[PDB]
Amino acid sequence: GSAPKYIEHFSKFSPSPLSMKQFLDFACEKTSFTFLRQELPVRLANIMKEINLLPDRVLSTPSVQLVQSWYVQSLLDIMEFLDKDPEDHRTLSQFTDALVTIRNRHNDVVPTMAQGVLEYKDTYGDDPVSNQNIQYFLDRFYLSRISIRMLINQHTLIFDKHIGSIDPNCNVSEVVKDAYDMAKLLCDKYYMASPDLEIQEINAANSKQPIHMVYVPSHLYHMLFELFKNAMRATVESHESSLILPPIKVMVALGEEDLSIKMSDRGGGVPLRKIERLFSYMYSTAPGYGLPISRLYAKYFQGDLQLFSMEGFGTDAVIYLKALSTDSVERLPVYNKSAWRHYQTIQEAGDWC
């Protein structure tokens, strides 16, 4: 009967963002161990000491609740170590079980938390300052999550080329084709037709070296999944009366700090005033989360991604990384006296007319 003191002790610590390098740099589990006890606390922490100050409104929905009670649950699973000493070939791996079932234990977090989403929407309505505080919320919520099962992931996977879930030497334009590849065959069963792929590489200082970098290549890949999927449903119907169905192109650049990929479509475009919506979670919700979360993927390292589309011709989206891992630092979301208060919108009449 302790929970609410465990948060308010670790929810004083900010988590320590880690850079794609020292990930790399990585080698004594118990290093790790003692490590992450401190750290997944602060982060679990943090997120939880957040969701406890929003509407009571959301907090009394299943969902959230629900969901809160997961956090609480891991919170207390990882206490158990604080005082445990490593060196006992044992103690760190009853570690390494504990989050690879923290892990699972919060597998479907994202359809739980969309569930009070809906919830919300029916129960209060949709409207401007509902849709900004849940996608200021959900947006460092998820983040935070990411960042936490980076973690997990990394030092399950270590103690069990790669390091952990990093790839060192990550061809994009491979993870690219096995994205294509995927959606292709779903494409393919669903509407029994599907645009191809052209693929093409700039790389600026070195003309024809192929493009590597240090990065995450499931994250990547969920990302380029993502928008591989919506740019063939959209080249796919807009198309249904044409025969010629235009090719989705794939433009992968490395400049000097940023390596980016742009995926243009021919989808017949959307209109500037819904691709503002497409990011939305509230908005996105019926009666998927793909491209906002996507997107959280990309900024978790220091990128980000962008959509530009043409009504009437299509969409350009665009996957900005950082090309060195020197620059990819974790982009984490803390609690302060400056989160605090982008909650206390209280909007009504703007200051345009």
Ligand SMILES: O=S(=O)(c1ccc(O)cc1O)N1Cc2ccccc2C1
Given for the second form:
Protein chains: 2
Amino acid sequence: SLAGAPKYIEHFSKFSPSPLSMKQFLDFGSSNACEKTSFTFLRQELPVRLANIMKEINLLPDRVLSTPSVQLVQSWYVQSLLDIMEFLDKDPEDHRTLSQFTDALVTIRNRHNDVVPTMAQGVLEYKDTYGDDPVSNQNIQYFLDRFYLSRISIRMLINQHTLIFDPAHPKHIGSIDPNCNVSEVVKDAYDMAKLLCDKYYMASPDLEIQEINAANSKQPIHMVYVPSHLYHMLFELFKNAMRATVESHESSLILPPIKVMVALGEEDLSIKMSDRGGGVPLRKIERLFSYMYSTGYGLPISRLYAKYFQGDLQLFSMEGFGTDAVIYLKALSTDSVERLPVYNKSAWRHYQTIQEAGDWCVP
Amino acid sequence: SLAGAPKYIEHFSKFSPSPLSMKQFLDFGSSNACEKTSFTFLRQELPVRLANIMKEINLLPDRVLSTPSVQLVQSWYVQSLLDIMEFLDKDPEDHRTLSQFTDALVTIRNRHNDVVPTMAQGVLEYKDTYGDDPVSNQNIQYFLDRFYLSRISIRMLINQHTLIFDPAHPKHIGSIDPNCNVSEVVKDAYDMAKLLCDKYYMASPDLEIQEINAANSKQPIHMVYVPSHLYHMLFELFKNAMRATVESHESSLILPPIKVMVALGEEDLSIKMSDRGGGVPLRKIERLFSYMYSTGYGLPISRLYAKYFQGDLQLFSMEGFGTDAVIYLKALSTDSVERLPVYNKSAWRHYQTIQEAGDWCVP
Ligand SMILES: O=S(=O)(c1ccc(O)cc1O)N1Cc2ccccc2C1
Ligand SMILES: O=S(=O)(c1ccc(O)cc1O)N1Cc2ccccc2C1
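Moving from the form solved without this ligand to the form deposited with this ligand bound:
Let's see the whole complex now, leading with the same chain.
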């Protein structure tokens, strides 16, 4: 039988999460020896990651914390932590321990399947119940970036363990493709977005891809990456680019194509998606990444996927012309290291915000 | 005879600077009635702007404040404030007051001519004397953006007064062109940068300009702006784009052109400069706007000019291919309002930084 959850949360929140690189993930084996190691690692690391973020949930404004949906998500995290605590005294040598552990991780993954839209309902509840205010809004924005990135990282750990120690492509290591053909993923995302655009508008822009392999001009561009994450980002970007193009060309039968450039440099693998969808004023760019205005978290969650392995996703528009979106990825698996929020004094001080006049003038 | 400077600094730092819009600047007349109004406005507003920024100088780390060059600049600001204090009890009705005031502003402008490189020497002195540290560096970056923007605004006020109440183009209102042809300024900046590039490399990329006037496809794009500021930004951008293009093409006789798009939307006038100079990894972009790494303040000062009337200057590269730089300006004179730093509690808290582990994980 287990201690009360707060005792575990306090214990594990003292540790910092331990970021892994893509190479470390990829170089992990599938033997029983490896499964025991994964077990002993995860029964420490998953509680550390769960506890760290649960401590930050507590820093949210009372208004947001008081909402039923935020309380519900909190309750899922508590149960998931306790599920893992059941394994603290279990023997990795016992095969039943390992199989039970995998079952528990699957149960946790399912429990948390709807976390993103449930948190979004919490934001809506806060808005509806109290009205929004600038201070709470900035805290929510800061928190949600970290909460959703934390969640991405926990899902990564769980998927790697369950996929490796249970198909489509046996060459993958869990969810990682050591030879991801970037243009192929671009095409897959385009194809799916085209189906949607065609359904609603009966037309869609064509795709043009150009590759720039700086060091090896001949060679098709590949990388070590999780194709599902790359697909996610590109699909969201294509949906926006397609909608802009069609909606800004209502009187036209000829649609400008969406142009994608994939560039491979010494350190970056960059993917630029350029549309001629008429663009958006600079003032309105920030809103596209806001959880508050978006309550529709496609763009901010996509940018988190990019940031997760030390990349980024940036938007640059020319109002009256169109928009460029750029996904920046690390070219090398050794540079592709998890970006994980950590609960400490610096994190804590960020929530300690209050209402005041800013450091810049008003007329 | 005058009070000690600190008594004036305390008095005037209580007020907030008053931001003017481009339209307000432009709608100001040249009559004796207007000169008296400009006088009575500036003998309050200039002391307010001087005092506000002098109070922030005092928040710099002792290490930076202790440098001879920072002390020298401080001493200039003190004398300039006192110069204006001489006018507090003077009669605007007396023509000698007005003429003496204009002389005093000219003297102040000359006194402060070398502020930018003198402050940069202060940064170098801090580096040489103590070695740099991350906390001081972040404070310097925050301060210098505000200090240099404050300086831009003070020079704007002084130039407007001296130019209007003392040529090349009588249609200008002080330094403001109500009908600035943007492509003409682009060409002027290109021409000057080409002279420099040709001198050192014996070759330079060609220029291609495209305009997108969204609402009036025929019409050449014009705006209300200070052409010297726009020229400054474009010249710096062309120098970087040209150098990148030539240096990345050492073995080539054919240079890719620099492409400029000028787009006019409902709210933004955007100028994009695109080069194929091989680009720079994302990791190194931030450094381009850093005063510390730049000690060469061309890019950060250019971005301040853009920000001064509520615009921005952004860089986006594709490593292995090239770089896009975008100047965002407000299309409408009514939206073009001075962006002025103000000394208050929010400003004060920014300098109150200390050394600690960040809110994100290390391996
Ligand atoms: O704001 S956007 O410029 C835009 C945003 C994100 C993106 O990835 C691509 C884009 O092009 N764009 C989205 C959209 C939708 C309907 C009608 C007009 C527009 C304009
Ligand atoms: O970093 S840049 O990508 C670059 C920076 C700013 C800019 O306006 C345009 C640019 O293109 N670029 C500057 C430079 C100089 C010499 C050799 C190679 C490079 C690359």
